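Participant: Start from the sequences, fold in the hints, and give me the full structure.
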Amino acid sequence: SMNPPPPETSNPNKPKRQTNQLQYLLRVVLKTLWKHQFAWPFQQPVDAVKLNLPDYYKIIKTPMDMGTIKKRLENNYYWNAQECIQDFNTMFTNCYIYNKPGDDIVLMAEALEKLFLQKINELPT
Amino acid sequence: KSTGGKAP
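Going down the list, the sequences are from chains A and C.
Numbered by the entry's author numbering, the letters in the first sequence go through residues 42 to 166 in order.
Numbered by the entry's author numbering, the letters in the second sequence go through residues 9 to 16 in order.
In short, the hints are calculated from the structure, not lab data.
Take these hints with a grain of salt, some might be off.
To be verified - Label pairs and their computed distance ranges (CB to CB):
1. C:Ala15 to A:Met43: 28 to 36 Å
2. A:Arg68 to C:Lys9: 25 to 33 Å
3. C:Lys9 to A:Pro56: 36 to 44 Å
4. C:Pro16 to A:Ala80: 34 to 42 Å
By construction, the Cβ of each residue, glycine as well, lies at the ideal position given by its N, Cα and C atoms.
Facilitator: Here's what the structure looks like:
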């Protein structure tokens, strides 16, 4: 019942660029979701030790959280916006796989996703 | 905030 190592947020070997779209994902998408009232269950990796969740990582093998994504975006870890969008989708999907549909945390992730989906529809040239 | 949002 240890935690795995968090996901990579930094690799100096990967190449790096700034796009319109990556800047929108940090400053519009991430910022909006980050400041949401329901954001806090997702701002860090699920710590199964401190939270007593011994099944979490027997069930979730591709973990993701908005803290990781935030760091990835600050570190130019992403080259394509789609890599970033996929991490958000993995984070939502994980919440739907682990929690039962009717748990509070699923309703919370659904509100974030709706906001998330509204926001990426506004992603630029 | 005890079980970081999860239902026991």
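Participant: Look at each hint and say if it fits the structure.
Facilitator: Do the hints match the structure? See the list:
| no. | hint | verdict |
| --- | --- | --- |
| 1 | C:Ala15 to A:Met43: 28 to 36 Å | violated (23 Å) |
| 2 | A:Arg68 to C:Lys9: 25 to 33 Å | holds (28 Å) |
| 3 | C:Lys9 to A:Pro56: 36 to 44 Å | holds (39 Å) |
| 4 | C:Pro16 to A:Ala80: 34 to 42 Å | violated (22 Å) |
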